[PDB]
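Okay, handing you the structure first.
What follows is part of the complex, with its chains left where they were.
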(Lines give C-alpha, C1' and ligand atoms only; values in the text may rest on other atoms or scores of the structure.)
Protein backbone atom coordinates (compact mmCIF):
# COMPACT_ATOMS: atom_id res chain seq x y z
CA UNK A 1 0.00 0.00 0.00
CA UNK A 2 1.10 3.59 -0.60
CA UNK A 3 1.76 6.23 2.05
CA UNK A 4 -1.59 7.90 1.37
CA UNK A 5 -3.34 4.53 1.12
CA UNK A 6 -2.05 3.53 4.55
CA UNK A 7 -3.64 6.61 6.06
CA UNK A 8 -7.01 5.68 4.55
CA UNK A 9 -6.68 2.13 5.86
CA UNK A 10 -5.88 3.43 9.35
CA UNK A 11 -9.04 5.56 9.32
CA UNK A 12 -11.16 2.53 8.39
CA UNK A 13 -9.92 0.61 11.44
CA UNK A 14 -10.90 3.53 13.68
CA UNK A 15 -14.50 3.26 12.49
CA UNK A 16 -14.66 -0.37 13.62
CA UNK A 17 -13.69 0.65 17.16
CA UNK A 18 -16.63 3.05 17.29
CA UNK A 19 -19.04 0.26 16.35
CA UNK A 20 -17.97 -1.63 19.45
CA UNK A 21 -18.95 1.37 21.56
CA UNK A 22 -22.10 1.87 19.48
CA UNK A 23 -23.13 -1.73 20.13
CA UNK A 24 -22.93 -1.09 23.85
CA UNK A 25 -24.50 2.34 24.38
CA UNK A 26 -27.09 0.92 21.97
CA UNK A 27 -28.25 -1.66 24.53
CA UNK A 28 -28.54 0.96 27.26
CA UNK A 29 -29.79 3.56 24.79
CA UNK A 30 -32.97 1.46 24.64
CA UNK A 31 -33.43 -0.37 27.94
CA UNK A 32 -35.94 2.04 29.51
CA UNK A 33 -37.19 3.98 26.47
CA UNK A 34 -40.85 4.48 25.41
CA UNK A 35 -41.60 2.17 22.49
CA UNK A 36 -38.07 0.72 22.60
CA UNK A 37 -37.16 -1.93 20.02
CA UNK A 38 -33.40 -2.48 20.23
CA UNK A 39 -32.87 -5.09 22.94
CA UNK A 40 -30.29 -7.80 23.62
CA UNK A 41 -26.52 -7.44 23.30
CA UNK A 42 -26.00 -10.17 20.57
CA UNK A 43 -28.45 -8.31 18.30
CA UNK A 44 -27.35 -4.80 19.32
CA UNK A 45 -24.04 -5.34 17.53
CA UNK A 46 -25.77 -6.12 14.24
CA UNK A 47 -27.73 -2.87 14.37
CA UNK A 48 -24.44 -1.03 14.90
CA UNK A 49 -23.20 -2.46 11.60
CA UNK A 50 -26.08 -1.01 9.54
CA UNK A 51 -25.53 2.67 10.32
CA UNK A 52 -21.82 3.54 10.30
CA UNK A 53 -21.85 2.96 6.54
CA UNK A 54 -24.13 5.98 6.14
CA UNK A 55 -26.97 3.56 5.40
CA UNK A 56 -29.81 3.84 7.91
CA UNK A 57 -32.14 1.24 6.43
CA UNK A 58 -34.28 1.14 9.57
CA UNK A 59 -34.45 -2.20 11.39
CA UNK A 60 -33.88 -0.72 14.85
CA UNK A 61 -33.30 2.86 16.03
CA UNK A 62 -32.90 4.70 19.41
CA UNK A 63 -35.74 6.72 20.92
CA UNK A 64 -35.41 10.07 22.74
CA UNK A 65 -35.02 9.42 26.46
CA UNK A 66 -32.00 7.45 25.14
CA UNK A 67 -30.10 10.46 23.95
CA UNK A 68 -31.21 9.97 20.30
CA UNK A 69 -27.80 11.40 19.68
CA UNK A 70 -26.69 7.81 20.36
CA UNK A 71 -27.20 6.93 16.69
CA UNK A 72 -26.38 10.40 15.35
CA UNK A 73 -22.98 10.41 17.05
CA UNK A 74 -22.10 6.94 15.74
CA UNK A 75 -23.16 7.73 12.16
CA UNK A 76 -21.18 10.97 12.13
CA UNK A 77 -18.04 9.01 13.03
CA UNK A 78 -18.37 7.15 9.73
CA UNK A 79 -18.75 10.38 7.74
CA UNK A 80 -15.41 11.69 8.97
CA UNK A 81 -13.61 8.40 8.32
CA UNK A 82 -15.10 7.87 4.85
CA UNK A 83 -14.58 11.58 4.15
CA UNK A 84 -10.88 11.53 5.01
CA UNK A 85 -10.12 8.80 2.45
CA UNK A 86 -10.43 11.76 0.06
CA UNK A 87 -6.74 12.43 0.60
CA UNK A 88 -6.33 9.17 -1.36
CA UNK A 89 -8.87 10.18 -4.01
CA UNK A 90 -7.46 13.56 -5.08
CA UNK A 91 -4.29 11.58 -5.83
CA UNK A 92 -6.12 8.99 -7.93
CA UNK A 93 -5.87 11.08 -11.09
CA UNK A 94 -2.56 12.71 -10.15
CA UNK A 95 -0.90 9.37 -10.93
CA UNK A 96 -1.93 9.92 -14.55
CA UNK A 97 1.26 11.96 -14.96
CA UNK A 98 3.36 9.05 -13.67
CA UNK A 99 1.52 6.66 -15.98
CA UNK A 100 2.41 8.92 -18.91
CA UNK A 101 6.11 8.04 -18.59
CA UNK A 102 5.59 5.05 -16.30
CA UNK A 103 7.52 6.82 -13.55
CA UNK B 1 -4.54 27.57 12.78
CA UNK B 2 -4.74 27.21 9.00
CA UNK B 3 -7.46 29.11 7.11
CA UNK B 4 -9.50 26.38 5.40
CA UNK B 5 -10.08 24.52 8.66
CA UNK B 6 -11.94 27.45 10.23
CA UNK B 7 -14.14 27.87 7.16
CA UNK B 8 -15.09 24.20 7.42
CA UNK B 9 -16.03 24.60 11.09
CA UNK B 10 -18.16 27.64 10.25
CA UNK B 11 -20.13 25.59 7.73
CA UNK B 12 -21.04 23.11 10.47
CA UNK B 13 -22.54 25.92 12.54
CA UNK B 14 -24.71 26.92 9.59
CA UNK B 15 -26.22 23.43 9.47
CA UNK B 16 -27.26 23.68 13.12
CA UNK B 17 -29.01 26.99 12.42
CA UNK B 18 -31.13 25.39 9.69
CA UNK B 19 -32.12 22.52 11.97
CA UNK B 20 -33.34 25.04 14.53
CA UNK B 21 -35.33 26.86 11.85
CA UNK B 22 -36.48 23.53 10.43
CA UNK B 23 -37.97 22.55 13.79
CA UNK B 24 -40.14 25.67 13.84
CA UNK B 25 -41.48 25.40 10.29
CA UNK B 26 -41.49 21.60 10.52
CA UNK B 27 -44.09 21.63 13.31
CA UNK B 28 -46.16 24.34 11.62
CA UNK B 29 -45.81 22.63 8.25
CA UNK B 30 -47.23 19.43 9.74
CA UNK B 31 -50.14 21.22 11.37
CA UNK B 32 -52.89 20.61 8.80
CA UNK B 33 -51.09 17.83 6.90
CA UNK B 34 -52.59 14.26 6.85
CA UNK B 35 -50.57 11.42 8.39
CA UNK B 36 -48.17 14.03 9.74
CA UNK B 37 -46.94 11.75 12.51
CA UNK B 38 -44.57 14.64 13.30
CA UNK B 39 -45.70 17.22 15.85
CA UNK B 40 -44.47 19.06 18.95
CA UNK B 41 -41.46 21.40 19.11
CA UNK B 42 -39.45 19.26 21.64
CA UNK B 43 -39.46 16.31 19.20
CA UNK B 44 -39.29 18.54 16.11
CA UNK B 45 -35.55 19.05 16.53
CA UNK B 46 -35.11 15.30 16.96
CA UNK B 47 -36.55 14.57 13.51
CA UNK B 48 -34.64 17.55 12.11
CA UNK B 49 -31.27 16.11 13.14
CA UNK B 50 -31.63 12.93 11.06
CA UNK B 51 -33.06 14.99 8.20
CA UNK B 52 -29.87 17.02 7.72
CA UNK B 53 -27.96 13.75 7.42
CA UNK B 54 -30.52 12.64 4.83
CA UNK B 55 -30.24 9.31 6.64
CA UNK B 56 -33.70 9.58 8.22
CA UNK B 57 -32.95 6.12 9.66
CA UNK B 58 -36.64 5.37 10.20
CA UNK B 59 -37.90 7.63 12.99
CA UNK B 60 -40.45 9.80 11.17
CA UNK B 61 -41.16 11.53 7.86
CA UNK B 62 -43.18 14.59 6.66
CA UNK B 63 -46.11 14.53 4.20
CA UNK B 64 -47.04 16.66 1.15
CA UNK B 65 -48.97 19.57 2.65
CA UNK B 66 -46.00 20.38 4.89
CA UNK B 67 -44.43 21.60 1.69
CA UNK B 68 -42.03 18.58 1.39
CA UNK B 69 -39.74 21.33 0.20
CA UNK B 70 -39.35 21.73 3.97
CA UNK B 71 -37.18 18.61 4.15
CA UNK B 72 -35.59 19.08 0.73
CA UNK B 73 -34.19 22.38 1.99
CA UNK B 74 -32.81 20.81 5.17
CA UNK B 75 -31.53 17.65 3.46
CA UNK B 76 -29.89 19.67 0.69
CA UNK B 77 -28.44 22.11 3.23
CA UNK B 78 -26.71 19.26 5.06
CA UNK B 79 -25.25 17.78 1.87
CA UNK B 80 -23.78 21.12 0.79
CA UNK B 81 -22.26 21.67 4.23
CA UNK B 82 -20.60 18.25 4.32
CA UNK B 83 -19.31 19.00 0.81
CA UNK B 84 -17.87 22.48 1.31
CA UNK B 85 -15.68 21.17 4.11
CA UNK B 86 -13.94 19.52 1.18
CA UNK B 87 -11.92 22.73 1.09
CA UNK B 88 -9.94 21.21 3.97
CA UNK B 89 -9.99 17.66 2.57
CA UNK B 90 -8.91 18.61 -0.95
CA UNK B 91 -5.72 19.94 0.63
CA UNK B 92 -5.09 16.72 2.55
CA UNK B 93 -3.16 15.18 -0.34
CA UNK B 94 -1.24 18.42 -0.93
CA UNK B 95 0.38 18.04 2.49
CA UNK B 96 2.44 15.19 1.02
CA UNK B 97 4.46 17.77 -0.92
CA UNK B 98 5.24 19.76 2.23
CA UNK B 99 6.43 16.61 3.99
CA UNK B 100 8.90 15.93 1.18
CA UNK B 101 10.63 19.25 1.80
CA UNK B 102 10.48 18.74 5.56
CA UNK B 103 9.50 22.36 6.19
CA UNK C 1 -17.95 34.21 -10.61
CA UNK C 2 -15.77 31.15 -11.18
CA UNK C 3 -16.31 29.12 -14.34
CA UNK C 4 -16.88 26.14 -12.03
CA UNK C 5 -19.77 27.76 -10.14
CA UNK C 6 -21.70 28.48 -13.32
CA UNK C 7 -20.96 25.00 -14.64
CA UNK C 8 -22.03 23.36 -11.39
CA UNK C 9 -25.14 25.55 -11.25
CA UNK C 10 -26.17 24.33 -14.70
CA UNK C 11 -25.91 20.73 -13.51
CA UNK C 12 -28.50 21.46 -10.81
CA UNK C 13 -31.04 22.35 -13.49
CA UNK C 14 -30.38 19.00 -15.17
CA UNK C 15 -31.40 17.18 -11.99
CA UNK C 16 -34.79 18.89 -12.05
CA UNK C 17 -35.37 17.70 -15.62
CA UNK C 18 -35.18 14.05 -14.57
CA UNK C 19 -37.66 14.63 -11.75
CA UNK C 20 -40.16 16.05 -14.24
CA UNK C 21 -39.84 12.98 -16.46
CA UNK C 22 -39.75 10.74 -13.39
CA UNK C 23 -42.90 12.31 -11.99
CA UNK C 24 -44.65 11.02 -15.11
CA UNK C 25 -43.20 7.58 -15.89
CA UNK C 26 -43.61 6.91 -12.17
CA UNK C 27 -47.40 7.21 -12.45
CA UNK C 28 -47.56 4.74 -15.32
CA UNK C 29 -44.82 2.52 -13.93
CA UNK C 30 -46.93 2.27 -10.75
CA UNK C 31 -50.39 2.65 -12.27
CA UNK C 32 -51.19 -0.90 -13.39
CA UNK C 33 -48.44 -2.78 -11.54
CA UNK C 34 -49.21 -5.12 -8.57
CA UNK C 35 -48.49 -3.91 -5.04
CA UNK C 36 -48.42 -0.36 -6.40
CA UNK C 37 -49.25 2.46 -3.98
CA UNK C 38 -47.99 5.54 -5.83
CA UNK C 39 -50.70 6.42 -8.35
CA UNK C 40 -52.11 9.96 -8.16
CA UNK C 41 -50.57 12.58 -10.47
CA UNK C 42 -50.05 15.54 -8.02
CA UNK C 43 -48.58 13.03 -5.56
CA UNK C 44 -46.18 11.50 -8.09
CA UNK C 45 -44.35 14.82 -8.48
CA UNK C 46 -43.82 15.11 -4.74
CA UNK C 47 -42.34 11.63 -4.68
CA UNK C 48 -39.98 12.63 -7.49
CA UNK C 49 -37.92 14.96 -5.28
CA UNK C 50 -36.19 13.67 -2.16
CA UNK C 51 -35.56 10.51 -4.17
CA UNK C 52 -33.15 12.32 -6.50
CA UNK C 53 -31.04 13.56 -3.58
CA UNK C 54 -30.97 9.93 -2.43
CA UNK C 55 -32.34 9.82 1.13
CA UNK C 56 -34.55 6.87 0.19
CA UNK C 57 -37.46 8.49 2.05
CA UNK C 58 -39.33 8.90 -1.23
CA UNK C 59 -42.31 8.25 1.05
CA UNK C 60 -43.15 5.34 -1.25
CA UNK C 61 -41.71 2.09 -2.62
CA UNK C 62 -41.77 0.98 -6.34
CA UNK C 63 -42.12 -2.75 -7.14
CA UNK C 64 -40.48 -4.62 -10.05
CA UNK C 65 -42.98 -4.17 -12.92
CA UNK C 66 -42.64 -0.40 -12.51
CA UNK C 67 -39.17 -1.10 -13.86
CA UNK C 68 -37.34 -0.29 -10.55
CA UNK C 69 -34.92 1.27 -12.99
CA UNK C 70 -37.45 4.12 -12.76
CA UNK C 71 -36.16 5.14 -9.32
CA UNK C 72 -32.66 3.71 -9.71
CA UNK C 73 -32.01 5.93 -12.73
CA UNK C 74 -33.41 8.97 -10.91
CA UNK C 75 -31.21 8.46 -7.86
CA UNK C 76 -28.11 7.86 -10.00
CA UNK C 77 -28.76 11.07 -11.94
CA UNK C 78 -28.51 12.96 -8.65
CA UNK C 79 -25.13 11.42 -7.87
CA UNK C 80 -23.71 12.55 -11.20
CA UNK C 81 -25.02 16.08 -10.73
CA UNK C 82 -23.96 16.29 -7.08
CA UNK C 83 -20.67 14.57 -7.93
CA UNK C 84 -19.98 16.75 -10.98
CA UNK C 85 -19.78 19.98 -8.97
CA UNK C 86 -16.96 18.19 -7.13
CA UNK C 87 -14.81 20.24 -9.49
CA UNK C 88 -15.89 23.53 -7.91
CA UNK C 89 -15.26 21.94 -4.52
CA UNK C 90 -11.66 21.10 -5.41
CA UNK C 91 -10.71 24.62 -6.49
CA UNK C 92 -11.84 25.57 -2.97
CA UNK C 93 -8.46 25.21 -1.24
CA UNK C 94 -6.59 26.14 -4.43
CA UNK C 95 -7.68 29.73 -3.69
CA UNK C 96 -5.50 29.59 -0.57
CA UNK C 97 -2.43 29.87 -2.79
CA UNK C 98 -3.63 33.28 -3.93
CA UNK C 99 -4.31 34.28 -0.32
CA UNK C 100 -0.64 33.73 0.48
CA UNK C 101 0.44 36.32 -2.08
CA UNK C 102 -2.74 38.33 -1.54
CA UNK C 103 -3.32 38.39 -5.30
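Order of writing sets the chain letters: A, B and C. Residues in each chain are counted from 1.
By definition in this document, contacts are C-beta pairs under 8 Å (C-beta built on N, C-alpha and C of every residue); 3 or more make two chains touch, one makes a residue touch a chain.
The complex is a homo-oligomer: every protein chain shares one sequence, and counting across the whole structure file gives 4 copies, of which 3 are shown.
Note that in this section only the chains that are shown with their structure count from here on.
Viewed as a network of touching protein chains, the structure reduces to a simple linear path. Inter-chain centre distance (subunit A to subunit B, centres taken as mean C-alpha positions): 18 Å.
Between the Cα centres of subunit A and subunit C there is a gap of 25 Å. For subunit C, the set of residues that touch two or more other chains comprises 90.
Contacts from subunit B toward subunit C in the complex involve residues 3-4, 54, 56, 61, 63-64, 68-69, 71-72, 75-76, 79, 83-84, 86-88, 90-91, 94. Here subunit B touches subunit A in the complex through residues 43, 46, 49-50, 53, 55-59, 82, 85-86, 89-90, 92-93, 95-96, going by the rule given at the top.
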